[PDB]
Each structure stands twice: as structure tokens, then as C-alpha cells.
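Below sits a lone chain in C-alpha cells, taken as the form deposited in one PDB entry.
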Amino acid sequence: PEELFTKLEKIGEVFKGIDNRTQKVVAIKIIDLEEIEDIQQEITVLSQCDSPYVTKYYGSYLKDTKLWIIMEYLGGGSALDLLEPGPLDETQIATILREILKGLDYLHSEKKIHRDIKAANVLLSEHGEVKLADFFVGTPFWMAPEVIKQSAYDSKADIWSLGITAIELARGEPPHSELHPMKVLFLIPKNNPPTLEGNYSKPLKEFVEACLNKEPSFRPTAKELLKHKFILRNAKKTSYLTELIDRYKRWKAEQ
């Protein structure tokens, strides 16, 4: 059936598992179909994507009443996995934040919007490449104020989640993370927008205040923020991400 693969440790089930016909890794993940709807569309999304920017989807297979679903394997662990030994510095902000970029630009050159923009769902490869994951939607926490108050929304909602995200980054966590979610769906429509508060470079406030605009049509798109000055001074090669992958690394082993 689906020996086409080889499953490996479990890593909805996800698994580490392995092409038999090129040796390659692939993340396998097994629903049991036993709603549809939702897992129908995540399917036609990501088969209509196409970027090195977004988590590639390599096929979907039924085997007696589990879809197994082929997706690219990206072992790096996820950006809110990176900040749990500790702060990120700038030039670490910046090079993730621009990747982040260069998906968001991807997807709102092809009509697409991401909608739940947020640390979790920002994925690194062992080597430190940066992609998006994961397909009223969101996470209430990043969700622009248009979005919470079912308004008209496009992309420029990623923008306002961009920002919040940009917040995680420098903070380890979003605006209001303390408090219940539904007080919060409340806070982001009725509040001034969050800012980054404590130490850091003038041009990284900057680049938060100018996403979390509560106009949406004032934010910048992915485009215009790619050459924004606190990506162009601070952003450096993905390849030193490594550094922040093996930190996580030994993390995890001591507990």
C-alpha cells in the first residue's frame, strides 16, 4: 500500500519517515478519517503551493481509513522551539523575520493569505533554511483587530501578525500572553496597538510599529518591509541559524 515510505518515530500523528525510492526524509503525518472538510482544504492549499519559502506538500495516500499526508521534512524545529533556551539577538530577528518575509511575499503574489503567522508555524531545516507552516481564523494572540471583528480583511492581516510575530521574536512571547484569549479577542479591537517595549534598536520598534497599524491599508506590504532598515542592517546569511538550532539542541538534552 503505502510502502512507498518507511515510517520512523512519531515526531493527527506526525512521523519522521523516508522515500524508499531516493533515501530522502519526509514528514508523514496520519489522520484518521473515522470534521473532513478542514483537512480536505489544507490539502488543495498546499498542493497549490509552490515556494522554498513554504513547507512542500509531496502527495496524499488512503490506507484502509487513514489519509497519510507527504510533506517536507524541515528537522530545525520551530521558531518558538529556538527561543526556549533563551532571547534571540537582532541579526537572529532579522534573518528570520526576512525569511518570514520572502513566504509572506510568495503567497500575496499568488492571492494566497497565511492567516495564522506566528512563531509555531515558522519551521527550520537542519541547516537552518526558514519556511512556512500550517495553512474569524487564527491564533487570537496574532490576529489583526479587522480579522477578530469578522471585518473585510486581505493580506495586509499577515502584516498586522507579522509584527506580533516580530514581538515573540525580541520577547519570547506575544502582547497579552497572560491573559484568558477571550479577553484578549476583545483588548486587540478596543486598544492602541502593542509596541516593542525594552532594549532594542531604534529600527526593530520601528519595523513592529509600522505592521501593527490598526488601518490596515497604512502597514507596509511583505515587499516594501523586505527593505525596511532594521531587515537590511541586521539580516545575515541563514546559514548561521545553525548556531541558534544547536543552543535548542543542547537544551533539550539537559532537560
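Heads up, when I say rigid core I mean the largest set of C-alphas that superpose within 1.5 Å between the two forms. Residue numbers count along the first chain shown, from 1. First, how it differs from the form deposited in another entry.
Just one residue from the list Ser47, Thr65, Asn191, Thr195 crosses the 2 Å line for C-alpha shift between the two forms on a rigid core fit, and it is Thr65. Positional change of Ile18 between the two forms reaches 2 Å or more at the C-alpha, relative to the superposed core.
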Second form
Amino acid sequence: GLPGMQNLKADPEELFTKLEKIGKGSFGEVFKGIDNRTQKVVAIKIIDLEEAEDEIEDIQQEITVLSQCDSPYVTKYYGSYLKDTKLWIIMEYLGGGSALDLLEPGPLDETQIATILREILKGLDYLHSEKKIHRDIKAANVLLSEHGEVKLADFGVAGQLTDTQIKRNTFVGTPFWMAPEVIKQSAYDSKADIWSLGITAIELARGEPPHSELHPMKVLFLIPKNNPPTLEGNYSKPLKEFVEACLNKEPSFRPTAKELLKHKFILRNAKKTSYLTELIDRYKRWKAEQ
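Right, the form deposited in one PDB entry is done, so what does the form deposited in another entry look like?
Only one chain is given; partner chains and other molecules are left out.
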């Protein structure tokens, strides 16, 4: 039973005008689309189910997790449609670019980094309160609306905790951002997302996560072996400390998302999300001169 799945008589090729490919998600490509009834722009992920086996279970879970989320900090889910062998997953469209794209014209300043991290933390606090774990936190999965609103996307590997299953052990995520306990498949919880947040903070400050120049297989031994990464360069002490707070090998030593919302780096530097339009405009202009 796939949540939000619509009637098979509903033809998504009739209900939506599929436009250009905007990227990829887990299991399929993502396209920009227009909802023909409201004229609102949507993001559509298309999965060829015939081109899949033992992935439908992971596909169902992504949809279930998305459907149970109701937050200004998480991409909205508008239902699923089956067209022959292809599943159309309709999601909220965010036109501002990902935090990673916004890094292309040049570095971010600490106000921008703090603002983005604060909104990610709002999303993480929501998910964690709902006993959900995102598991793929990185700048490419942090999307902005054209107004500067920041939301979490890519629920392809998200997990659910229950009163019976208080911890997860599955190997999921993107190597460079994965927590040591996830890579070693130890019992883990929401603290794994706090480690990925620390890596994301380095990425927002430097433009790339640690070990970015290495093969992802090398990081599978390096992350559990090495001391946790630190933020190197001329960055503020509160920013380096924020990074260090997230990047502790001991998960119980990592603060919760709610606690990090009161970190001095956030409180001293974060500003209204509306200021992020300057970053969106900077990217639009840059793109136009490439």
C-alpha cells in the first residue's frame, strides 16, 4: 500500500506538463513540471519499476516517510501516479537552487552559513521529534525556495524509529557525510544526522566536505579510523566550535538539533531567511554568464 497513490485512470501526462530534467534522486530522475489544474510548478521524480527489483521496498518507504511529514522545513509530497511501468512522485518545487549550487559563484559568508544551518536544524528538530532520521544530509539536499526558505529534500534513505526499534543499523547515505557508527553498521539513531550536519557545515564553509579528493572506498576506512574532521582556515571560533560539537566520534557527545539551535554560532550570526535571496540572485546572474 503506497501512500498518496492516486487512481490509475488519472493520467499524470494529462494532469502535469513534464518539463526539463532538473536532476536525480534515489531510484530515478527529477523533472520540473507544471500542475495543469493550478498552474503551480512541481518537481516530479519518475521511476521505471520494470527497471527495478528489491528497490520497490525502498521506494515505498521514501513515499511513506514523505507522506508522514508536515513541516515548512521538509519538501511537501503531493501524491504518486502510475503510468504504465513508470511511477510519478509529485513533490514541492523549490526554485532557489540547492545550497551546493549557491556555493558555485564563490564562498558563503558566516551570516549565510549560520542562516542555512539554522533552517537545516529546524528541519532536523522536526524529523527527530517525529522519530525519523534523514540519513542523507548534505548541501545538495538542502533546497531553497525563490524567497529564501530552506527545506530538506531527498528522503531516499530516511529511516523510522519505533518504541520497539529504538535504533537502526542499515548502511545508507553518501560516503563523505556518513557518521562513523553508520559506516560500521553499529546501532544508531538521530545523532547520525548531527554528524552529517557537521560535515555539511564544513561543506558550506569550504565548498566541499573533508576527503572530497579521495575515492569513496578510502573514506570507508578513514572515517572510523581518523580523529573527526575539523574546520581549517580563517573561520570564526564559534563556527569551528559548532563543527567540533557535531563531529564527535561518540554520538551521545553530539548535541541534539534543538540544542544546536541555541549554539552561539547560530545566535550570533543567523539572520532572516529573506536575506538569502541575495545568494539566489548571485547564482542566477553567475549562471547567466557561464
